[PDB]
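One letter stands for each residue in the lines below.
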Amino acid sequence: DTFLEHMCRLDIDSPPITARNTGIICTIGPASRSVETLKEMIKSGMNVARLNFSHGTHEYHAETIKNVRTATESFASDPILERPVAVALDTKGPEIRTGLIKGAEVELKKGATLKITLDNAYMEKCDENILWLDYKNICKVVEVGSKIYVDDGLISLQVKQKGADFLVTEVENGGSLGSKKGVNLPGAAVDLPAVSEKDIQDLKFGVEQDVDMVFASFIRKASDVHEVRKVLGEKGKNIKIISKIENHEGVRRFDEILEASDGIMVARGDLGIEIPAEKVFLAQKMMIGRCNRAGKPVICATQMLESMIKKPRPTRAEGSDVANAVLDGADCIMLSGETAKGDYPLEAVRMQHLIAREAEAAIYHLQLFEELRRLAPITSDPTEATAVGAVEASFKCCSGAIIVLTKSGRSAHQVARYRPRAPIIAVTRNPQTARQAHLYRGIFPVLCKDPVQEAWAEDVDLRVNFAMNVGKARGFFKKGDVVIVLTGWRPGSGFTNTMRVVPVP
Amino acid sequence: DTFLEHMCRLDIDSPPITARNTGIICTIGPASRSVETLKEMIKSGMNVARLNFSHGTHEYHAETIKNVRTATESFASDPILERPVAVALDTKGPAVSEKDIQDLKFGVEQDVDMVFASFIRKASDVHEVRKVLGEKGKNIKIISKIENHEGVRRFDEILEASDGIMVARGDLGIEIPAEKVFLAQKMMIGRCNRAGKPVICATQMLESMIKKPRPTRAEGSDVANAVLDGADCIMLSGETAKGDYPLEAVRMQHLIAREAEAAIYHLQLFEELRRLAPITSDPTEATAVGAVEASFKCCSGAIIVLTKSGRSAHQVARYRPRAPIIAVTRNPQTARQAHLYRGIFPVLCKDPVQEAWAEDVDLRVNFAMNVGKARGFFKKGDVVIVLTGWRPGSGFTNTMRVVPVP
Amino acid sequence: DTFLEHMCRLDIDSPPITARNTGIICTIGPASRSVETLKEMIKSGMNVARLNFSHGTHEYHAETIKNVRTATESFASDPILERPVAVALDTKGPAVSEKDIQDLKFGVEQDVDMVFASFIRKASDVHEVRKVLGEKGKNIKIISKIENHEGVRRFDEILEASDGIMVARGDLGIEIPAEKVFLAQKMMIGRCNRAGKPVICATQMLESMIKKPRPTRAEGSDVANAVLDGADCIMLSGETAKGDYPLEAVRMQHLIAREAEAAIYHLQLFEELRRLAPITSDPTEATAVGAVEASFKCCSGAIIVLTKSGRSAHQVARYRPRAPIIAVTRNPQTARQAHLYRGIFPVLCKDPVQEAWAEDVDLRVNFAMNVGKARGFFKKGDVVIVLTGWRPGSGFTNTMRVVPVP
Amino acid sequence: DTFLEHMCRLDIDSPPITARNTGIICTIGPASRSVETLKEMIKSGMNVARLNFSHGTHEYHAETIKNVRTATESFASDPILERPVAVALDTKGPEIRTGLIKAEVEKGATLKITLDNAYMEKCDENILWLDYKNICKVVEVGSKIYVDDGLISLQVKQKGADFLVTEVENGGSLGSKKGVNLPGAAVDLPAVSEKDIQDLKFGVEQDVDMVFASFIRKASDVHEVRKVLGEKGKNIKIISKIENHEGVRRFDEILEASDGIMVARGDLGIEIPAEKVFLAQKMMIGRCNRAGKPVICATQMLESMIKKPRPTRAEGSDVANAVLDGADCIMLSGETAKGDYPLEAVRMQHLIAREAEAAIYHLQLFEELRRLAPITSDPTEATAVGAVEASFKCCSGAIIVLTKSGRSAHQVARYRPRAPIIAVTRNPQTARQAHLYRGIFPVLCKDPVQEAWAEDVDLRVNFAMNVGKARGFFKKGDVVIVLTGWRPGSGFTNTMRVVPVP
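Residue numbers (the entry's author numbering), protein chains in the order written: chain D, 24 to 126, 130 to 531; chain A, 24 to 117, 220 to 531; chain C, 24 to 117, 220 to 531; chain B, 24 to 125, 130 to 133, 136 to 531.
Think of the hints as simulated: they come from the structure by calculation, not from any bench.
The beta-carbon is built from N, C-alpha and C at its ideal position, and this holds for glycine as well.
Among the hints, erroneous ones may be present.
Under the rule of at most 27 Å between Cα atoms (straight-line distance), these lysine-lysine pairs were calculated in the BS3-like manner [to be verified]:
#1 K337/A to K135/D
#2 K337/C to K207/B
#3 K336/B to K66/B
#4 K173/B to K256/B
#5 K337/D to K263/A
#6 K367/A to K173/D
#7 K115/B to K89/B
#8 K505/A to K136/D
#9 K151/B to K173/B
#10 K247/B to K337/C
#11 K207/D to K336/D
#12 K230/A to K136/D
#13 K125/D to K263/D
#14 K337/A to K207/D
#15 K66/C to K504/C
#16 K504/A to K136/D
Derived coverage of chain D by chain A (criterion: at least 3 residues anywhere in the stretch with Cβ under 8 Å from a Cβ of chain A; other residues may be distant) [said to hold, decoys possible]:
#17 48-59
#18 75-87
#19 285-299
Could you put the whole structure together from the sequences, leaning on the hints where they help?
Here it is as structure tokens:
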């Protein structure tokens, strides 16, 4: 194997063989939340439920959550279809908008001159003379010459003059303007509502409904992740924080943002507003890779299967975008409007699956490990040695999977860092961690209900059995195959794990 | 170090430094048939103008061809900031259409450098193209388009007997689904990368620009991946053929494909190609490998390669140098023709052959050296590789020598 | 990081670290039949005593055998500082003589652990040896002696059906030239090293020592290379059977074979062995692999295998750790037989099986861990590997555990 | 492929198919100086003639050098058997010895050492005399003292001014005028003896190629030999011998002052234990390959052949491992020098060193160098790599380097290509000073310089090409790598050529 030989090897007439190891994330809204539909999506690929909180009442969303779990335990008895499904709360996050034009729309021209006001007296009065935006400190951030984007980039402006609560500007790019539309100020250290006053109410609601992770919107500094961390508080200290990066300053300070966050979202489109089309894919590839390094998870969202909103199949251009995002090393890719409000929210999960599977054939597979095996330094942490021993063993006998008995999920994280080829089956009694686990590439979680036992050995022996049967049923392996097992820690005890190579009964 | 460590280091705040190494092909048409316009399209990065035969009588084309050439030479007053422009005949196709035979003869006798042959499915399907071009077109390079499913099915044999390959993704995503086409593309490119023959990615490039001065970041990303998949050229269509911002289109494509460059892992692309290549015994190839290895060993500003038929510069290119291959030639066909090759920056020598064979060589090498300087690639004091023959008439380019810029 | 950088680093002023990992076999005769002597030979490094069955009859062997065991057990005082001592019957042959079969029967029925069967040629021969030993001694180990050109000619099939190989360079020196014999030795040792089956090389070791208390530096060198070639044991002949300094001869063999260690480059020997070996369906192999691989990842002070059969400890040995393999066993034949393998230090558990498994395992594991400390292999605080089973009477050793020395 | 796979491939029924690439050094005296014998040895593999200066009058040696160059140019009548034999001067160097036994005498007993010159011819098993005047100055109570081929170690119970009283340890038949050793003390200079300077002078005069400086124990020691050879001998290669502990101790500085190294195994074997010597060997050879510098393995090699027609298997293998460790040249002594089989030894020596090539991990060796080696700004380095790569790209029969100095054909060797480097030269010295280098085969150009550089190159290239065919390095219709030289002004840059064999 060389990488290039591997590319020449590819075969579009050969059917996928590997598990899809990328977790699918779906945004639930209007078209998706009916328990029956929700049931179909779980069954047909879904791994996480996104809640878009720039909308809804809490009563709206709490019902949506209730439906999710209804559909989840709808499969309670059957090992063939039982999968954890997780719930993710995506805050609305700090944002700027324009006013209401005559409150309906105006029209903007090229090169023309625009004035902007903070003056709320000019809130519902809005047009080509003056525009108003809810940001009150815009003058202490923006300087002369600064470009300002408006309504999904579609209209840019600059800055000729700036004083106190006004700014005279000059349109660089034109197009029809409208009411209450989004505004970005590229390269600008946007002064802070760290978390919105709304966000704290949705964060608290989040803690209340036992969500798994928060996708914290619009993150710029370390402190920002630290805010959501604190607001979540002792009450919510196992809620995973995934910071969205949606603007230039995020890419800039991305190093400390990853240190603080539990994970990372690449908002491609929102990135596309403040930084040029020719530069974004670098920034994506950079962030993804830096996460793969950090061992933290990375979600790839925006502009995925959006064709599927009105058609039952995606454009080939879109087939590409996802695949070459699987490949740069995203753990998960998130569907947006195609599940939340489309006319094909079902095919969308279906396609997104089909696609993410095909793409596994092009993952440079065996080599991925072989590299970090070597270069990896010498430890003294036994847990490290044990995982290598496991992934090594994994490869010594083409095992069909590596069953890891974990509470936290940590021990099955470690193992995934060494990127084995065979899937990791993370077996857990903590129904949380089972969910907070789709965030991780090539980990397939499995919920153990059978309860704790006195003698460690016979307890371990039990869940290994559980995994073995689930595994047989999914088709991870037959009888008379070998599999690698990490037990957990014994509960005396030295905090040491145990690697086992056991044949499948 | 590592592929991954590369990705981690990427920075969208530090300007690209390497030059674009992927060749921009453009489809010329109503939006761009203007001589006055083409003077801005090659100044902005066009390296091949493509003619779409699907819509034309010869007088339609012949005038356009003439208009291309007319604007090419409008720079000849500076022999170094000057650059070749090939011309491409893209057949209308459906085997070999009998309309086409009437059109191939037009090309053959219009000095077209390459033929993008259409709906190619077999060896017979390209052999049949070949003979039609005849002895008056034994040179002219034919690039098969893979469009049906069978092209991907019988690809090796097509590659076996073609000069180039064009993947037309649109016309692929129609016979085969989306979950599979990107797979098809990656394999093809990769397979041309091995065999040495050049490959170009076409269709759905910067389409959104047909009605807008900037493109979608989804398009920036589709184009750059073709770059990094190992493509030599990306070809524009409606963006410059019938578009509304054709010039603006080209400049973007350049901009993109230059950014893209920051993400190619050379230090391993080379390594793998070198490892796969056979032990063959062209004196002329063995120099290339040596030439590349040495370019890496001293971090050379460029590899200068004096060549007749291009084939020398081709070989150096096969092994993917980090540094630019400046091909120096008089044969201005294999010079225009050069552009279907990654990282080759061909340059036309207009100086009358010199009396002494040493004097001749020294002139051409000092030319490339002066092109390379003003063009940006190196500065006085740097180190460059240089390939020349040992004597003249040697059916070989097999001298290699590391020499400082003056 | 490089074979060469290792070589440059060596130091004749730096006292050695590693324990000798190569087995010392000695030949018992007049100079060493003594019990008073043997008590000083095993104390000084003998791990397998060899009875030379060319010149002798059974009563004289039986007294020597008994002499050995009498001095062996004379250290049973501490169950920790005591070492197994295997017993070797070296047949005389010139296929299988009547005198052999008579002598083999004496061996099979004397608890001998291994038979060095002489002048083996084709596959048929070891087979003819097997039969002789029958079900009575199915356990005894067959070490094929290679002594002429036919051995080296048909070596694969021989190896394919012996338990081990002895290279007799002297007797191999007669049959083929000097300039080729090292070539032959290097290949055999290396072929055994692959196959996993242990190799001993003998003859021309420390002959000079028969008369002198110290050997020639060319003997120092010849032995050390046999070590570095990948031998498991080097065996002394006349040096200790007749020599005026037989005991003095062993300490040197140790001393040399220990210094030799500093020039082994494990950090590759492992990587190569591993790269060559195929995938298993057997859990007990895969664990070894993982264990040795883990032993490098954390620089483990040792690898502790708990084994019945031996096969568990043998596996770990095949992949060649830097770390010493302490095999803990009850079966004291395997404990003895264990000496045939590089870097396995076998220990005998004289403790009676415990009631619970947990109980049983934890005792044997604390055994090695104590023996370990007692020797030099680790100190309190170090990390070690530990390879037990899961349920008892399981077909396998397949538990990998990384534990701190208490 | 992998090292171990390689070890498994080895076939003793398959005949050697590689150039010997270890140059053979023979010691010449009594048994070997007849021109007619020297002829048969040159034909049979000799590459360097050693002269042992512990003996012989200058006119003795003077003649011996002449007979060599007589038999050398005996073949120059053609270019096919003609090899550039080289001449090496081996100083006798500093020595400490003991007087005449009052021809000798002889465990646990107590013995007295005297500086007292009156006792010179008055030696016996109670009193012993030795030159080294400062012997007591570099000793404490309990320092070992070895005597007569290490045969008699001794400690020291007490010392004062002009006497040492001490205990026997190892014993056996003493003799007279037998050497003594002090492991491992900073032994007193002069580095170069009085006799040494006379012989180094005669060396420069008789135009030898290299000197083998005996007993080198520091950098100072090297520089003394160098300044003695002086401006007149500035191109005579110095190969420091390492014969004691201290040499090994300070071996780093000794290696950069020297042009080369000799591992005196047996002399090493008397001051440092038999269990440690082979480490010292591998260590020194090892550091030398890393240094570019040549390494010669001497002593113990074929001494069995002094009285038998063939060597013992232990001896065969010792040499083979000396080759494999990384030695460029392995030197014969008494077996060529004064034996009953001198021709037969150079034969066996060659045979062995060839067989051994099959077990050198050939194609791998290079691959490490390519990666590990850094970035240069030194065009000459890149061209070398370019050449060796090209060498490998088409399995060249050889890599022909046109060199004056030999510098450039050295680089190429630093990168361990697998094809023989045929070094083509006009300077008939840097041409003999060239066997000291592994897998370099020199060839002497007689044909004279031309003003048209292009055609001067074209000429020697042709020369080499023909030599090469005849030696058997390559047929016609093969490819070969060429480095031309530097030009003539000029840009000091070399030129790599892939040329087919006409």
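Hints and how they fare:
1. This hinted pair checks out: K337/A and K135/D have alpha carbons roughly 15 Å apart, not beyond 27 Å.
2. The straight-line distance between the Cα atoms of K337/C and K207/B is roughly 21 Å, inside the 27 Å bound, and the hint therefore holds.
3. Our distance criterion of 27 Å between C-alpha atoms is met by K336/B and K66/B, whose separation comes to about 22 Å.
4. Restraint check for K173/B and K256/B: the C-alpha separation of about 34 Å exceeds 27 Å, so the hint is violated.
5. Annotation: proposed proximity of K337/D to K263/A is violated, straight-line Cα distance about 48 Å (limit 27 Å).
6. Distance check on the hinted pair: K367/A and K173/D sit about 31 Å apart at the alpha-carbon level, beyond 27 Å; violated.
7. A threshold of 27 Å between alpha carbons decides the hint, and for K115/B with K89/B the separation of about 21 Å falls inside it, so the pair holds.
8. A distance of roughly 46 Å separates the Cα atoms of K505/A and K136/D; the hinted pair therefore is violated under the 27 Å criterion.
9. For the proposed pair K151/B and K173/B, the alpha carbon gap of about 24 Å is at most 27 Å, so the pair holds.
10. The suggested pairing of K247/B with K337/C is violated, with an alpha-carbon distance near 34 Å, which exceeds 27 Å.
11. Pair hint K207/D plus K336/D holds up; C-alpha atoms about 24 Å apart against a cutoff of 27 Å.
12. Only pairs whose Cα atoms come within 27 Å are accepted, and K230/A paired with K136/D is rejected, the gap being roughly 49 Å.
13. As the CA atoms of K125/D and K263/D are separated by approximately 46 Å, the hinted pair breaks the 27 Å bound.
14. Restraint check for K337/A and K207/D: the C-alpha separation of about 21 Å stays at or below 27 Å, so the hint holds.
15. For a cut-off of 27 Å, the pair hint linking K66/C to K504/C stands: about 23 Å separates their Cα positions.
16. Distance check on the hinted pair: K504/A and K136/D sit about 43 Å apart at the alpha-carbon level, beyond 27 Å; violated.
17. For a cut-off of 8 Å, the count of residues in the region 48-59 of chain D with a CB near a CB of chain A stands at 0, and the three-residue condition is violated.
18. Counting residues of the region 75-87 of chain D whose beta carbon lies closer than 8 Å to any beta carbon of chain A gives 0, which falls short of the minimum of three for the stated coverage.
19. Beta-carbon proximity to chain A at under 8 Å applies to 4 residues in the region 285-299 of chain D; the threshold of 3 is reached and the given coverage holds.
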